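Novice: Each chain, letter by letter, is given below.
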Amino acid sequence: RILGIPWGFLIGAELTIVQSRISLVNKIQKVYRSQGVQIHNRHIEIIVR
Amino acid sequence: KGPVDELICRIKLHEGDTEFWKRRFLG
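Residue numbers (the entry's author numbering), protein chains in the order written: chain E, 1178 to 1226; chain F, 522 to 524, 594 to 617.
Just so you know, the hints here were simulated from the structure itself, not pulled from any lab data. Be aware that one or more of the hints could be misleading.
Claimed, not checked - Derived contacts from chain F toward chain E, CB cut-off under 8 Å, selection only:
| # | residue |
| --- | --- |
| 1 | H604 |
| 2 | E605 |
| 3 | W611 |
| 4 | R614 |
| 5 | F615 |
Unchecked claim - Simulated restraints, written as ranges between beta carbons of each label pair:
| # | chain 1 | residue 1 | chain 2 | residue 2 | range |
| --- | --- | --- | --- | --- | --- |
| 6 | E | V1202 | F | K612 | 26 to 36 Å |
| 7 | E | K1204 | F | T608 | 35 to 45 Å |
| 8 | F | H604 | E | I1224 | 37 to 47 Å |
| 9 | E | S1197 | F | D595 | 39 to 49 Å |
For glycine and all other residues, C-beta sits at the position ideal for the given N, C-alpha and C.
Construct the entire structure; sequences and hints are all you get.
Specialist: What follows is the structure, given as structure tokens:
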């Protein structure tokens, strides 16, 4: 409602997507780093993508 | 769905006005 029709959903969905991307990778890496498992972010970002 | 100061005249729609939405995005 703050932004218009062509950008209320454009960047609004992007904010949800971008925030979820960094959140999802952190939570997944949190499990593996805690257990002493080293996995590059590439293998996780592909799944999150 | 219908079968006075008429203040509706000042309700300005900015559909398609890219410059207007950029200002609100900035602040």
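Novice: Does each hint fit the structure? Answer for all of them.
Specialist: Do the hints match the structure? See the list:
At a threshold of 8 Å, the smallest CB-CB gap from F/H604 to chain E is about 6 Å, leaving the interface hint in force. With its C-beta approaching chain E no nearer than about 6 Å, F/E605 sits inside the 8 Å limit, and its interface hint holds. Using the Cβ-Cβ criterion of 8 Å, the hint placing F/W611 at the interface with chain E is satisfied: the shortest such distance is roughly 5 Å. Taken as an interface hint, F/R614 checks out: its beta carbon lies about 6 Å from the nearest beta carbon of chain E, inside 8 Å.
Satisfaction of the interface hint for F/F615 is found here, the shortest Cβ-Cβ separation to chain E being roughly 7 Å, below the 8 Å cut-off. The hint said 26 to 36 Å for the Cβ distance between E/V1202 and F/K612, and at roughly 31 Å that hint holds. Under the hint 35 to 45 Å, the C-beta atoms of E/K1204 and F/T608, about 37 Å apart, fit the expected range. Checking the proposed 37 to 47 Å range against F/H604 and E/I1224 shows it holds: the Cβ atoms sit about 40 Å from each other.
Between E/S1197 and F/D595 the beta carbons are some 47 Å apart, a value that agrees with the proposed interval 39 to 49 Å.
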